[PDB]
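One protein chain omitted, others in place.
Letters are used for the chains, namely A and B, taken in the order the chains are written, and counting of residues starts over at 1 for each.
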Amino acid sequence: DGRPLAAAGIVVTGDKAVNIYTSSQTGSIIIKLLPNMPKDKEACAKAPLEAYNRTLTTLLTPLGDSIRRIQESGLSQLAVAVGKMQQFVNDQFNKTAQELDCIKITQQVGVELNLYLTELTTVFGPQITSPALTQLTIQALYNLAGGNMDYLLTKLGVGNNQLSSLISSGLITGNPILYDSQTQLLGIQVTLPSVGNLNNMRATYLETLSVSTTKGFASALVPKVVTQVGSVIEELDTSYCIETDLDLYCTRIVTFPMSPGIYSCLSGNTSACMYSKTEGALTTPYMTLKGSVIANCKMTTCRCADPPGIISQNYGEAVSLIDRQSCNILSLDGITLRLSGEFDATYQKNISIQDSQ
Amino acid sequence: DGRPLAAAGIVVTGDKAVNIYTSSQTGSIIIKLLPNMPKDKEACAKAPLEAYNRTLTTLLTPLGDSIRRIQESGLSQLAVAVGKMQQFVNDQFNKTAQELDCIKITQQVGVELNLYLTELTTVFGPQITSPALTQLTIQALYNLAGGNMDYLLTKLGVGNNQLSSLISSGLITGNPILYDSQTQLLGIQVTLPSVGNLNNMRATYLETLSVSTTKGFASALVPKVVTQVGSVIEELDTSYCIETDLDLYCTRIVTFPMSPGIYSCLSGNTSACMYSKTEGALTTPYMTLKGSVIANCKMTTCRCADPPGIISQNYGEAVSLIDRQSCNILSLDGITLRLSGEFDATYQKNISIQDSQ
Partner (left out) sequence: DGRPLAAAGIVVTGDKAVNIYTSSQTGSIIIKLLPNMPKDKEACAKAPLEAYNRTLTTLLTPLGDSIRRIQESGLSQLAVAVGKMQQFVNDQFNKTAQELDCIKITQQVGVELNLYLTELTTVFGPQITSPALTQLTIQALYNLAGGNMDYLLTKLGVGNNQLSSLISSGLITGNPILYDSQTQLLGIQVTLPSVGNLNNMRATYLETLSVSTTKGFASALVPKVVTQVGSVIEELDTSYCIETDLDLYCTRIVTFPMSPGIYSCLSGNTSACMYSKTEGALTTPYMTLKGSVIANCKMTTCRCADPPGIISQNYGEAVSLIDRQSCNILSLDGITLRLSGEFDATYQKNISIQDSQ
């Protein structure tokens, strides 16, 4: 649509793609809670494994239960000394020899065992923590697509330029359907969608400030969201769509035709537009948008606190932009928005080993 | 309601129960961050404990802070050698004897400790992580109910058939209200609802495809949601209800009467139904629904690329109901949708010990 209509008081808040989808595809992820241990060097490993396999059931038990409830619905003489004493220390040192191995080995098994639990909870946290559907971690999906993400999406329908969008959409969800307390096995059931992107159709979001022109009583009449494919341009009933920043995942596409004037305006012309005054006294002659503020500097007073100055707008402008680069600290008769700022920080740890005696 | 009206163009997207609820019940979970240690074996335990108790405060300090901020508002001669040498290795080995014990005991205490923290954060993750109200993990609800779930639900009003529903609802939440940094004590305050299920009442969500019948311009006129108790059938104002898959958790029940024609239609008859044509050119003739895709295959070609052949229909039917069995790949003109798919995967870890000497 462009923004010549900006001068008409019509501000474009957003433009987005449109797609039809279905939660038809499906999949299952079967988690193996007890890691695959090496053959027999367990006598040592038995210690930590127990602690682990314990919290494990201390954790999952409830999740399991719920799953159920839901589903239901003398040189010669003394020389003897050297004989014994010598053989003895050998035996002792040997005990100590391997006695240092078990420790050395359990030491490692525990740590590895511990890493796995936090890894596990990090990845399937949602599922581990609730019986209902839940968003899937980026890790989970990936594993599910056996590291071959290119493959999965292609099956799903979207391209890379729709991954985050898809993710945030909250369409790819999963849930715990099985928990073998004895084998320590967890069965999650993912649910993917089959997005089918329409084409060359884009929904466009519209917002309107109280412009004067006709009079400071003016406020153009247009819909909130309109879609269009070619010359057609009808009002889109978004009620049937999940709406991400970039895409619009709709189950259906119900729409409505609009006055000929409306079309005429929204499409290049400005005059066609029909203002009016439903607005109340208290309505604010400015609005926020993408970390910026679009305001009818004529209707009020655009005072810029940082670069001192009044941000005025001559005729033809209809509405000013005011953003990070134009001004740095706006003030619109009552409030004071700060249009710029930063913060940096680092998160890190310093380990401190305590020597011993 | 049934589906004779499917012939009329009235597709029924869903049926759900209805219950009034009140966030009146309440509870408090008081966590003890430092595990109950055994009395005396400490000297060894102090090392790991310190580290843990350290990160504990590193994690909870901020959370603690916010809570405040929020609330404000020679046979004889050489024989001697054997005497000393002997007694000596005895003492030394004995040192090494118990010196191998501490290492063994802390080795254990560390792992147990470490596990408890990831357990702790998995269970009370939301709470530990934000001062506001947050969904309760299944594990926490359970603990709170002292393992006796049957008891709790009984008090909340619901039965097992509503457990998943409730959890999904988001009505059961908790928030931190206490954090003794010295004692290492965390105080969560749970808030449970008091759902009182209405009886024999059921809301039914309706949707409508552009049927022809009257002319390919047709499209029945009916509410989007209607509740009913026996012969009574009015429009439901869902604005006052958390909407779960199987249940509707409302705070009130606001409804409106409908045209006698409407009641006639929705209730068996089909003739009473009054169509119209408010739809626009771009409105798609096929909606989507739980994996399948209902569509007016009369209104557009429904080619199925998998088992080939046009899914057709004719007279009396109204709309096709392309299912997964029926077809594996729809093609409603311009947009091909997968209606079936699958994926499986396994999550498991292979520990890999290292040896010593």
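Definition applied: contacts are C-beta pairs under 8 Å (C-beta built on N, C-alpha and C of every residue); 3 or more make two chains touch, one makes a residue touch a chain.
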Omitted-chain contact residue, chosen from A:137, A:184 or A:213: A:137
Hidden-chain contact residue, picked from the options B:13, B:96, B:213 or B:214: B:96
Touching the absent chain when the full complex is considered, from A:8, A:206, A:293 or A:302: A:293
Among B:7, B:12, B:51 or B:246, the residue in touch with the chain that has been omitted: B:51
Residue among A:30, A:85 or A:221 that touches the chain left out of view: A:85
Selected from B:253, B:295 or B:302 as touching the chain missing from the view: B:253
Chain A residues that touch the omitted chain in the full complex: 47, 75, 78-79, 82, 85-86, 89, 93, 96, 100, 103-104, 107-108, 110-112, 114-116, 118-119, 121-123, 125, 135, 137-139, 141-143, 149, 160-161, 163-164, 167-168, 207, 278-284, 286-293, 324, 334-356
In chain B, positions touching the absent partner: 20-32, 35-38, 41, 45, 47-48, 51-52, 55, 58-59, 61-63, 65-66, 69-70, 72-75, 78, 81-82, 85, 89, 92, 96, 99-101, 103-110, 112-114, 116-119, 121, 123-125, 128-133, 140, 143-146, 152, 155, 157, 190, 192, 194, 196-199, 201, 227-229, 232, 234-235, 240, 251-257, 354
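Operating definition for what follows: only the chains that are shown with their structure count from here on.
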Mean-CA-position distance for chain B and chain A (Å): 16
